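Next up: a single chain in structure tokens, the form deposited in one PDB entry.
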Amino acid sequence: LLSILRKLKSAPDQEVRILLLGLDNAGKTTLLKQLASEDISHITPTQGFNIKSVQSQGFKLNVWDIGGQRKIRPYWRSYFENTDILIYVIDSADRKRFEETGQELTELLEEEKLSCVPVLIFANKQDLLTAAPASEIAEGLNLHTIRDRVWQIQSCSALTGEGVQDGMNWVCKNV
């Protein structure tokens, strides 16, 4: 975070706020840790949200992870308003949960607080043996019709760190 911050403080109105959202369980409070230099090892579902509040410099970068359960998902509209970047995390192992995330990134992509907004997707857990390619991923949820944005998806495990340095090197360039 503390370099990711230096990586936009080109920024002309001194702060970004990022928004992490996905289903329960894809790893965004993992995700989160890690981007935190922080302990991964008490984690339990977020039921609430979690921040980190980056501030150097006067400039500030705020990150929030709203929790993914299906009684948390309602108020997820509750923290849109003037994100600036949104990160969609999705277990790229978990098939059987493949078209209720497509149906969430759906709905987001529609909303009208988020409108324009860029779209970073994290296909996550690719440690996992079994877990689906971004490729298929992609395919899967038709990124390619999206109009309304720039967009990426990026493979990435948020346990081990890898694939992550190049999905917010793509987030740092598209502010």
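Take the two forms, superpose them, and find the largest set of C-alpha atoms that agree within 1.5 Å; that set is the rigid core. Numbering follows the first chain given and starts at 1. Compared with the form deposited in another entry:
- Just one of 135, 53, 130, 47 moves its Cα by 2 Å or more between the two forms on a rigid core overlay, and this residue is 53.
- Put the two forms on the same core and the Cα of residue 8 is off by 2 Å or more between the two forms.
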Second form
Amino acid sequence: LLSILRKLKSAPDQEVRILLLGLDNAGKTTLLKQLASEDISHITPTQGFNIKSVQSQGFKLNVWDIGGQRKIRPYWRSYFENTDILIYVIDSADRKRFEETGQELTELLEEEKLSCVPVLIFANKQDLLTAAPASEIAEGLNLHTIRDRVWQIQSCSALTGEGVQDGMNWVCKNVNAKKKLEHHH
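After the form deposited in one PDB entry, can we look at the form deposited in another entry?
Lone chain follows.
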């Protein structure tokens, strides 16, 4: 059986699978590359997905950055299984798409294959003078109503890097949150 095979890994307990989701243009690939200390200046729309592994605070974070275009979103569920942490990225300055992203987030958090998964919401592009505050986005999403999981909202700018690590610090304290909750269940 396939799940037994993880026992043949070098250090399988140090490995964290992170799913990075959000609308097209939200700044996901830009965030991913910042995390991996890579150049962010030649980034184009993602037609499939990227993976980058980042060593941080005693863990190997395997980060799956899936393309956000609408035509790609039906494939999102191909990536739900064996997710340890969900990071959801919002363009804080694209108010016209708040409803669209609110609806994607709501659907993700009702998804059976993401049950018990901790969610970090990155309120991105805070460098922009047009950016709504995280407090506003939290309210607008009704994040306080989130049940059956831990969650966090973090103001950030993938472009400048500001606020990014603070979000990742929360992620690292919650590497076992999903399996601790599903053991409770």
